[PDB]
Amino acid sequence: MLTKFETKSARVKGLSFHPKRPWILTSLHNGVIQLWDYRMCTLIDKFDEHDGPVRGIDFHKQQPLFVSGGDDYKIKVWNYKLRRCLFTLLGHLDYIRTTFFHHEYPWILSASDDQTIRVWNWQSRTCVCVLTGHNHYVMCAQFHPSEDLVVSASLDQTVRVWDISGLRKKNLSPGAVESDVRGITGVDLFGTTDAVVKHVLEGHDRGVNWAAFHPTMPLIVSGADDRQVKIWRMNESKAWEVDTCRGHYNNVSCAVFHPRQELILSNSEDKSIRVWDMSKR
Amino acid sequence: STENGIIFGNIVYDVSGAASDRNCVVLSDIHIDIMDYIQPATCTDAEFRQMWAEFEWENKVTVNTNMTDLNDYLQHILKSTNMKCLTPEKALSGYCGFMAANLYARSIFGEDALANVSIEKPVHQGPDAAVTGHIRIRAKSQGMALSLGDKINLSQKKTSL
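Protein sequences, first through last, are from chains H and P. Residues in the first sequence are numbered from 1 upward in steps of one, following the UniProt record's numbering. Residues in the second sequence are numbered from 793 upward in steps of one, following the UniProt record's numbering.
One or more of the hints may lead you astray.
[Unchecked claim] Below, a list of computed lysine to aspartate or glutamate pairs in the EDC-like style, where the Cα atoms sit at most 20 angstroms apart: (1) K81(H) to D828(P); (2) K949(P) to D828(P); (3) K20(H) to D828(P).
[As the list claims (entries may be wrong)] Pair ranges (Cβ atoms, derived): (4) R83(H) to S933(P): 32 to 40 angstroms; (5) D828(P) to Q123(H): 40 to 48 angstroms; (6) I24(H) to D942(P): 31 to 39 angstroms; (7) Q261(H) to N874(P): 50 to 58 angstroms; (8) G809(P) to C41(H): 19 to 27 angstroms; (9) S933(P) to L265(H): 40 to 48 angstroms; (10) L953(P) to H258(H): 37 to 45 angstroms.
[Claimed, not checked] A few chain P positions that, by computed beta-carbon distances, are all more than 10 angstroms from chain H: (11) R814; (12) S820; (13) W844; (14) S872; (15) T924.
Derived by calculation from the structure, the hints in this document are not laboratory data. All C-beta atoms, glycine included, are put in the ideal place defined by N, C-alpha and C.
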């Protein structure tokens, strides 16, 4: 109905909308992190996290705080509200894409764009988890259905899905029948970002811009570094699923699922946003 | 004191959710208007005219329409804004008049605002139960100035806010 406010500027790699607020917190690769609590058409703060670019934005999970990543390689959580830094560690050799907050003993998970992501105890000091299975440059890192199960999208042309543990990664199982992750007609490839057969999914599509998950589900909706943004369901795994998402002119940087909407929104580069179904598609 | 230039106020304000509270009210104000602020203020007419013309021309709003004669109506408006009409000529605000009324006021943070409004005026089958008089508003910024013309426009009549 109305586009309340609109100025075109910002060169934007990472993004998030406030699930609680009508904020948009926006990550630019201008090196900028911004929180604007978008409501009153006003920015609360604006820090260009470092000289270098900024790729990442993720939620802490609480109410109004950012966990932020730059080419600093640092995980910062700073509360806009409390304008202060919660606990601090820098980052490996690339930026931080996703974060989750937990609390047996007020306990923490950090998801990263490089190498490993490490999950840390500052209370009764022990190890909840270690994640290796990333390399460099994560476009879109994701919590899964199980929130603390996860997927990652890479500029290392892989995807990682990991299994975690309370004493590092492992799963025990023995009942299933076939798999959709990989087990009948169609299915898409493994990539390499880690080295355990959970599934490293192939992020080659000239590299993957975005990865997006299906909560209980393993369908992914993707942005890809190909015109082809190729959609695959690992809750099916169709053939002509070797779908290349097509503009008219080039690209499909991203195409995304809206939690509520059984739809795909695509956006591209001929000057465009392209409109897609996904209810009958 | 405290300059904040967020005009007409309407500036976001916070009551916070910070303790037995998960939310609260963040509010921007509205309800902050002019008609009140300015006080009446005065001038020599020749100089005035000269000045009238001279001033920040840039705003005007029209008077036309009401519920009253500009006797009672004018008085009401005057009191409402707390502002001045500088001088009469007896020509007659009665039989018609076919009077243009010059008004001046000075405020609390000191802007002087000038008006010439020229107005028809009530009287049987003669003229005035509208106006179609033009209210010429001069205040330095047009933005407040016109806004003032409005504000007065709000002021002008009496109806469901």
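Identify every previously stated hint that the structure contradicts and give their numbers, smallest first. 1, 3, 5, 11, 12
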